[PDB]
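Given next are the chains, with one letter for each unit.
There are 2 protein chains.
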Amino acid sequence: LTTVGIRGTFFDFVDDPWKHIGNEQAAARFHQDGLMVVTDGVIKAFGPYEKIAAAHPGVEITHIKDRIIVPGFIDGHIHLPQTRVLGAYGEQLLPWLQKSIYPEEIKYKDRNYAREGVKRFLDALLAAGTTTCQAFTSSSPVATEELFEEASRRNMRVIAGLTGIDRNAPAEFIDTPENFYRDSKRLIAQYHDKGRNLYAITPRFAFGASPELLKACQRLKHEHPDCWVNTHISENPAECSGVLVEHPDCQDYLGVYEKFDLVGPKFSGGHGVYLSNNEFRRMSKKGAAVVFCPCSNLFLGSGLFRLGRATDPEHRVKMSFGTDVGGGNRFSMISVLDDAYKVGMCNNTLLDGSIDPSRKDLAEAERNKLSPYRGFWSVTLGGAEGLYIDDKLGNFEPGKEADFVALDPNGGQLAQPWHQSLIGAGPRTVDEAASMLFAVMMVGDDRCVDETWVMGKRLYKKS
Amino acid sequence: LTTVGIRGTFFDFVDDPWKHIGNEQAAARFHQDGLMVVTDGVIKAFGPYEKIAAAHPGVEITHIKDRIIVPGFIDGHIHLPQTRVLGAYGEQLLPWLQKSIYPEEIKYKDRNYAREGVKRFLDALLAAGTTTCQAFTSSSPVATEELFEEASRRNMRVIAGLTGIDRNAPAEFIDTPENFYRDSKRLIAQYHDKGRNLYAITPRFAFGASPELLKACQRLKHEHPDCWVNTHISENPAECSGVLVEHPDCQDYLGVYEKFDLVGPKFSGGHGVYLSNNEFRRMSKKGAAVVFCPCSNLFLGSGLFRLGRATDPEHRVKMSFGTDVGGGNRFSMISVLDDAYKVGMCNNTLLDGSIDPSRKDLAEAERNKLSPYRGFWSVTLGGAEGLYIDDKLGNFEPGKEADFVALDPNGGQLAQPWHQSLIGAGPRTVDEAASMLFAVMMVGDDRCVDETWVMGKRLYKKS
Ligand SMILES: Nc1nc2[nH]cnc2c(=O)[nH]1
Ligand SMILES: Nc1nc2[nH]cnc2c(=O)[nH]1
Ligand SMILES: [Zn+2]
Ligand SMILES: [Zn+2]
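Protein chains in written order, with the authors' numbering: chain A, 3 to 425, 428 to 467; chain A', 3 to 425, 428 to 467. A prime marks a further copy of an entry chain.
Same shape as in the complex, but just chain A:
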């Protein structure tokens, strides 16, 4: 039908920066002046301008000037029904769910409210740079239906599903394991793998899931092997204690999900925070992934996710970063990277022996430094592999879907542009590009997101 070509400064990844200590540039791919040829929303050719322009004689080239074009940000952990309540005051995980979250999520039972939230949810995500997300919904199929459908109109790849909740929640909010299986089964029928929609069996979290509800998820996963599994794991100490109480026959939090064959490829456990090295090794082995949500971890007091452990090359764990809106107070992955770096630097101090020498470990302390290479790989290619959708997204490789963002390195607080000028203007090398991207992360915010494209179509453009 149509074929357009995007021109400008491009920056993406072809490998994991963690795999290149002291030489991360090798994981990045930079084109000061490149051209991407997208046909019907699919990359067909990527490379330097001349060479590509020449191989494609008459294509309509759209020139995004003075920006750094990167792949659309992947957010592996948001709560759709929490879009309106992301700054609840005073509570840790548990009392907060009861006090501020459930009373709001219950409103999504009403289809009109659900439709409006879904609209605002997706608008906030686009204005933030996020083109793909794995979303939690409420226990009512309504919110899930409205989300998949509005996602279709914008034709965005999205992972979502009915979020079952069995115990420890209001009676009017929880719903029977039977109905959950029934509804999830219906929703998988109507939405899974239709267009860019992907379904995820979603037992909210062990603490709120009776063994019947989890047994239901097990059945669902068995009758629908292609479906994803999305949940929470080891986020709060009180939560961890309760879980082993609600599930007396299990050794660790991850053990609860393994008892039902939920752990393996396409499994995402939000908030590592309190996972043991054993639990990390097990996930690495089975291919399960963890979602690092720093903004939330800090806002709710959960703690410091051990980034250096999950990235251990001997037992590498698959990951995707997350905003965790509700728990987290920011919709942008750029804001997530800000807190992600902070958590990692605090970890660096805990592992260098400056305090307790017996806990020292420089290799891990080094892995906690979130460079612009590591941070941006994590919200794109890395997040794609962590969600097992790297065949469709992650970078500008031909054959992948064309979701992308035009970053304005000068956006953000007043201090940004004089800071960025330390590098005149436009980035001329992969190092200068990486250097400005770190400034986007730490000195700027969503004001750096100038344009958000989905399938070769520009859905957003900062006023």
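Hints were generated in silico from the structure; no laboratory data involved. Treat the hints loosely; a few may be bogus.
Note that the list lumps identical chains together, so a pair holds whenever it fits in one copy or between two copies.
Computed list of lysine-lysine pairs in DSSO-like fashion (alpha-carbon distance at most 27 Å, straight line) [as the list claims (entries may be wrong)]:
#1 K402 with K53
#2 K223 with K362
#3 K461 with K187
#4 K101 with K362
#5 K101 with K371
#6 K223 with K288
#7 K21 with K101
#8 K465 with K121
#9 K288 with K101
#10 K288 with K217
#11 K287 with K67
#12 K53 with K187
#13 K402 with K466
Let chain A serve as the given structure and place chain A' with the ligands on it in line with the hints.
Using the frame of chain A, we list chain A' with the ligands on its own:
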């Protein structure tokens, strides 16, 4: 000469919220529709609209509509010469100073560069909501002179001084204790208490101050009792170790400064982070103050400032929050409050016994929750008392200087206004006001700063 009256929704403090557990509203003062009469930049009358409008028949009332007017934010710890380098990658305190800070601060030797930095420094502060700040400069008198003078043109109250550095820094950057005393003496002459300028004897930090340099500060403080003392204390573990090495004859970091009579009223020690309860008690007793810089503490990996300990009612320590630009990555006190709350919530989890019951302490765990009352009192009245300038600033009490900010509760990321609407529109009670201010802190950023006034004069107005 002139007399103007500001009208609109006002919110300020008359007491410490910490002093009112379970009833913080009592520390706040709310006027849904009030009028402030300022004559030549000095509050002359404050109170509800009618009553004030009536007592002042023909005053030019300027109506700031749809905003929440609060006192100008006090920032007790910024580094002027670091304005351009606030997002340096990969290092903890020490290696970072060597790698990214000194090479930039040395440029301020040149008066043209210094003049431009001072300009950008103050612009960033105003666009951020900060009207008063205690600033660190470089070792060259130039940067200090240019700062005081540009502060005069805008007529802003500012605490600053020659930042002496003796050891552990480049040779071209450090300067003799003699010259330091000489120059500081000159600068105190020309600037201290002239207009709204206040001088602070500034030994950068024990680690970089030979006993001669500190003995010089002692002399200065003795010949100029009215001058402030500004420095750093216990920010990094490696830094703490080095200090006790560079000062073998002292027991604790605070002990180094007491050896020279620097600790007492008007003393500010940046970054509590590694202070002992004994050190806190000593400061509380002598009246010295600590400056909590959460953004910096997290960015450099320093750690979690024990907010609950400094606010201990039996040994209350005077405070002022700080951005610490350079170390910190944000110029706004609103952004500082975001990380301040996060540090405090992580502390709440460490003190509630959910992990180690022997370390439990609910009274302190409670004091770590940064409510909109506690947070905003800290960046205004609280910060004023912590800097001993509460006679001139802090709130809208008649006789105080009229520095203020018009906050737009709807500013910030896309999600803000649907979130704030959970309260139709305009705040009708002190609770609704506090409720929206917490959303300013956590869901918004500097985009919430619509107007910044200094001495009854509007210096800034968001485009
Ligand atoms: N992100 C998040 N997920 C949850 N699942 C159950 N409780 C929580 C929570 O507090 N935060
Ligand atoms: N804020 C801050 N002050 C200092 N004084 C000496 N070193 C430091 C540092 O790393 N950060
Ligand atoms: Zn979650
Ligand atoms: Zn400092």
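Status of the hints after comparison with the structure:
Taking the shortest alpha-carbon separations for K402 and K53, only the intra-copy value of 20 Å comes in at or below 27 Å, while the best inter-copy value is 67 Å. Taking the shortest alpha-carbon separations for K223 and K362, neither the intra-copy value of 41 Å nor the inter-copy value of 42 Å comes in at or below 27 Å. In the homo-oligomer, the alpha carbons of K461 and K187 never lie at most 27 Å apart, since the shortest distance is 32 Å inside one protomer and 65 Å across protomers. Only between protomers do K101 and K362 lie at most 27 Å apart by alpha-carbon distance; the minimum there is 24 Å, versus 40 Å within a single protomer.
Taking the shortest Cα distances, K101 and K371 sit within 27 Å of each other only across copies (16 Å), while inside one copy they are farther apart (36 Å). Only within a single protomer do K223 and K288 lie at most 27 Å apart by alpha-carbon distance; the minimum there is 16 Å, versus 65 Å between protomers. For the homomeric pair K21 and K101, the shortest alpha-carbon distance between copies (25 Å) is at most 27 Å, but the shortest distance inside one copy (43 Å) is not. With identical chains, the CA atoms of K465 and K121 are at most 27 Å apart within one copy only, with a shortest distance of 17 Å there and 32 Å across copies.
For a Cα distance limit of 27 Å, the shortest separation of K288 from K101 qualifies neither inside one copy, at 36 Å, nor across copies, at 42 Å. In this assembly of identical chains, the alpha carbons of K288 and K217 lie at most 27 Å apart only when taken from the same copy (19 Å versus 63 Å across copies). In this assembly of identical chains, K287 and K67 lie within 27 Å of each other by CA distance neither inside one copy nor across copies; the values are 44 Å within and 60 Å between. For a Cα distance limit of 27 Å, the shortest separation of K53 from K187 qualifies neither inside one copy, at 49 Å, nor across copies, at 66 Å.
Only within a single protomer do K402 and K466 lie at most 27 Å apart by alpha-carbon distance; the minimum there is 25 Å, versus 41 Å between protomers.
In summary, the numbered hints that this structure violates are 2, 3, 9, 11 and 12.
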